[PDB]
Amino acid sequence: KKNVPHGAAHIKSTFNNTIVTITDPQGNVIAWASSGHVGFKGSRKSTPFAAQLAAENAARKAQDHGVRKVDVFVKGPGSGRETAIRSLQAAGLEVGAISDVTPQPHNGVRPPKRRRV
Amino acid sequence: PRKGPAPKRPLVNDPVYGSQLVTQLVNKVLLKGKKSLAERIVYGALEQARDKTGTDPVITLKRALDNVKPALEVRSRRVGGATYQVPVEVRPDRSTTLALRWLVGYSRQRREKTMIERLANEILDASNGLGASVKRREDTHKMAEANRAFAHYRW
RNA sequence: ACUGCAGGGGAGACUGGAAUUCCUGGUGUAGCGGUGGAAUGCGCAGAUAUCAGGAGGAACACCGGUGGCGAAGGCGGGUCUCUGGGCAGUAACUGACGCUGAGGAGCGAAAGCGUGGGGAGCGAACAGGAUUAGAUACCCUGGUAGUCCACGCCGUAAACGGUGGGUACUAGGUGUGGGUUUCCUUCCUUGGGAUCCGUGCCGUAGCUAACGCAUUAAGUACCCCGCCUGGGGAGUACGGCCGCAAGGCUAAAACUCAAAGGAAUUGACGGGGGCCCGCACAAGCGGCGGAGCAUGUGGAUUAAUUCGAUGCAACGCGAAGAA
Ligand SMILES: [Mg+2]
Ligand SMILES: [Mg+2]
Ligand SMILES: [Mg+2]
Ligand SMILES: [Mg+2]
Ligand SMILES: [Mg+2]
Ligand SMILES: [Mg+2]
Ligand SMILES: [Mg+2]
Ligand SMILES: [Mg+2]
Ligand SMILES: [Mg+2]
Ligand SMILES: [Mg+2]
Ligand SMILES: [Mg+2]
Ligand SMILES: [Mg+2]
Ligand SMILES: [Mg+2]
Ligand SMILES: [Mg+2]
Ligand SMILES: [Mg+2]
Ligand SMILES: [Mg+2]
Ligand SMILES: [Mg+2]
Ligand SMILES: [Mg+2]
Ligand SMILES: [Mg+2]
Ligand SMILES: [Mg+2]
Ligand SMILES: [Mg+2]
Ligand SMILES: [Mg+2]
Ligand SMILES: [Mg+2]
Ligand SMILES: [Mg+2]
Ligand SMILES: [Mg+2]
Ligand SMILES: [Mg+2]
Ligand SMILES: [Mg+2]
Ligand SMILES: [Mg+2]
Ligand SMILES: [Mg+2]
Ligand SMILES: [Mg+2]
Ligand SMILES: [Mg+2]
Ligand SMILES: [Mg+2]
Ligand SMILES: [Mg+2]
Ligand SMILES: [Mg+2]
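Chains k and g supply the protein sequences, listed in that same order. In short: position in the first sequence from 1, add 22, done, that's PDB author numbering. In short: position in the second sequence from 1, add 1, done, that's PDB author numbering.
These are calculated hints, taken from the structure and not from any lab test. C-beta atoms are modelled at their ideal positions from N, C-alpha and C, and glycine is treated no differently. It is possible that part of the hints are untrue.
Take a look, some chain k residues computed to stay more than 10 Å from chain g by CB distance [to be verified]:
1) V26
2) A30
3) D46
4) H59
5) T69
6) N79
7) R82
8) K83
9) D86
10) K97
11) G98
12) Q111
13) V117
14) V123
15) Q126
If you anchor each label on the Cβ, the simulated ranges turn out as follows [stated by the list, open to error]:
16) g:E146 / k:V131: 40 to 46 Å
17) g:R155 / k:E104: 44 to 50 Å
18) g:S77 / k:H28: 44 to 50 Å
19) k:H28 / g:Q86: 42 to 48 Å
My request is simple: use the sequences and hints to build the entire structure.
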């Protein structure tokens, strides 16, 4: 029942999952449909195909609240990072600008130990 | 094999029905070298197909094959600790091969009495999209369209 | 001593921003998380996500390097206060005051110890999930000591250049850090030449068992120091000294073996790499494994079941003829 003409889309793309939420310019969530919401479970969530179905289920549910143009903030070292920007385009959204806001610490907190796999 | 592709064999037109598609059908029915027997099965079935449609039966047979050609098969691969199928696009000469194997392959276990009328009814149902050979056209497609996520494993 | 110069060398106080975590609140709603694949776990009592505000601790992205500093251990966010050492130039001053150093004394990563603060993240122990024949492990989700600060103790590292310190000498090539100084010199090029001090790579003589070292020597010589005398037993015992403890330092013998080692060579092997083949797999068609019979074999039986063949490469094999 809302109507905001311009929005912002946040894509967090990790090594296990992708999550595409779409907000207003103040930072209030309209729709958030991710790769587990679209039916997947396990290691399938990290594939590029599950990213281009997560970005569609957030795009055509943001349009029911009237969102016609989003900005794109991607972050994360994931596979599904270009296939979720190209998937917002072929669902009826103008993308405008694309920015990278990956949280880069200035050698602060200590990382977990490396895996002996 | 290791050293490049192998040559494929040419097929001569069938003398009764002027079609390469019919002489490729009689080779799938062929068992134990009995080729005159395998020609009486295929000729006897296509003449039982114009006793129920009236149209020339190589028009029925080309419509029967266009409903059992797959376009995405399901070739397998083991990646790590788990193995899972990978969908690949079928090149056009395999599509006719895999379709004619399915007509002859499912007509050997239908419930009629002779191989002539079993092969005849499978061509008529596949031309209408009814038989069991059409069911493996979409069971191939359902398994290929439930593994879209694995399409980056193209070897 | 004077004059210049380079630097994460040290100690103290105040202080800066990104991010991780939790808290308060808004928007939002059904999954998040994790893996080779999963589950435990978190969530539906409103998580993850997303924006705003706040609390707190630790570490300091880019600069940052093959580079600088320090006796070694080590040392980088910023500024201020105190402070150690080195290099070059001048040749002003003292006039062998030099080198090494048995015992001794100080300093000495991390873990650990004592009392007192602090506790974000990580994380010995521990708990659960997984894997597995088992899994007191690797992997996953949690998590205490500890990591941090103040003050003491401990005194050990593959504390490494596996190479003690001082000095003199013995071809060069080429990078780079810190100075000083003549020439086309202000045509800027901060290029070239010379010279002193570091820090690398490559290389002749020379040395070495070989690998390798080579003006930063493992070369040619001199001076002082510690150490070695076959491998185990053993850097263990006993005695002593030190420590709050853990333990450290000094340090044997009986007994036992005929070796233990170093560098390199040829092979083979690798759940190492590169390229290449084969009905090796894949893509196909027909079988064997279940039935009945023929035949050979193991075993058992028998007076005897004659002998030989035993993973591929024995088993319709020696037998192309056992009444
Ligand atoms: Mg300093
Ligand atoms: Mg202090
Ligand atoms: Mg902050
Ligand atoms: Mg907290
Ligand atoms: Mg909240
Ligand atoms: Mg939050
Ligand atoms: Mg500082
Ligand atoms: Mg005098
Ligand atoms: Mg001395
Ligand atoms: Mg001494
Ligand atoms: Mg001390
Ligand atoms: Mg410590
Ligand atoms: Mg203890
Ligand atoms: Mg303590
Ligand atoms: Mg304490
Ligand atoms: Mg753990
Ligand atoms: Mg356990
Ligand atoms: Mg020692
Ligand atoms: Mg060291
Ligand atoms: Mg030593
Ligand atoms: Mg010497
Ligand atoms: Mg030099
Ligand atoms: Mg060399
Ligand atoms: Mg020597
Ligand atoms: Mg001895
Ligand atoms: Mg001892
Ligand atoms: Mg004692
Ligand atoms: Mg050796
Ligand atoms: Mg060898
Ligand atoms: Mg090999
Ligand atoms: Mg095969
Ligand atoms: Mg059998
Ligand atoms: Mg025998
Ligand atoms: Mg044979």
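Tested hints:
no. : hint                        : in the structure
1   : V26                         : 33 Å, holds
2   : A30                         : 28 Å, holds
3   : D46                         : 32 Å, holds
4   : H59                         : 16 Å, holds
5   : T69                         : 4 Å, violated
6   : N79                         : 15 Å, holds
7   : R82                         : 19 Å, holds
8   : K83                         : 21 Å, holds
9   : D86                         : 26 Å, holds
10  : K97                         : 23 Å, holds
11  : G98                         : 18 Å, holds
12  : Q111                        : 19 Å, holds
13  : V117                        : 24 Å, holds
14  : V123                        : 27 Å, holds
15  : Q126                        : 28 Å, holds
16  : g:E146 / k:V131: 40 to 46 Å : 44 Å, holds
17  : g:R155 / k:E104: 44 to 50 Å : 18 Å, violated
18  : g:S77 / k:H28: 44 to 50 Å   : 48 Å, holds
19  : k:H28 / g:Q86: 42 to 48 Å   : 43 Å, holds
When each numbered hint is compared with the structure, violations occur for hints 5, 17.
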